[PDB]
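Take a look at this single chain in structure tokens; it is the form solved without the partner chain.
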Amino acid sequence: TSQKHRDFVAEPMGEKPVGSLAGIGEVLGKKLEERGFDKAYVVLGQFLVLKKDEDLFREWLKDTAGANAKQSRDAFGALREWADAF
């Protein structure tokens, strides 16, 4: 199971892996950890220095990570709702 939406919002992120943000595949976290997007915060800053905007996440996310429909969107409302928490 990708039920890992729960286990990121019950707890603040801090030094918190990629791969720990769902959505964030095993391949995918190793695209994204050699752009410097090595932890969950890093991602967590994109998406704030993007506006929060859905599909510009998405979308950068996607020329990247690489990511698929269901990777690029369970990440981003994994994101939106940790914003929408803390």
Second form
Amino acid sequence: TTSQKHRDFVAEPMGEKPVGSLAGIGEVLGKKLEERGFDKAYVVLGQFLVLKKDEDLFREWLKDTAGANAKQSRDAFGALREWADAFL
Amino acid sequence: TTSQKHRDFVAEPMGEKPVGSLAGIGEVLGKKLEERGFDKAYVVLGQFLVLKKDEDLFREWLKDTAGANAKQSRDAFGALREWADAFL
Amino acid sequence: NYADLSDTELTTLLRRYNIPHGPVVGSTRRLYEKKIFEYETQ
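Switching conditions: you have the form solved without the partner chain, so give me the form deposited with the partner chain bound.
Now the complete complex, all chains and molecules, led by this one.
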């Protein structure tokens, strides 16, 4: 479930976790993200940080570049925001 | 004061530290990074992460963005790499 | 003029030339265009 993926992602350092571990990143989004060079969850975290953790900027970027819908971009944004609040 | 800056940088999560907290990022480099929009150390961490922790890409980007020489870029990279091995 | 290339097309050139790279995003576009230019002209 989405809640379980979010809870598991924010619970611990991400290390070398694949991009698919991020809540909101299913098979389709994960494959598009991997095609763009976002193989690991940390690469997506990098873009979130370069965008200064801005929700509107990150969500617009994920929707336009990877084909994410509003729900998926919110779930992925939320997992990264809460992970950074806990560990960064 | 590079070794002191490196030790303090890699010891804890970076939170809201400014870019000048990074080993290698002195007054000239820090001011230039902030003028380019890399206003916090986490923004530079973000860039290191979107560059897949690649030393050559990171050091080339830093030289082009802030005018870092080889030594400054080697030190900034090393501090981010050791921090990411510990906390990311 | 690499501006006409999409991020996907820029990524494809970096891969074709075996130039190590990560994602093409707003903060890396300038770097990868410079690297492509230097590799093509030198």
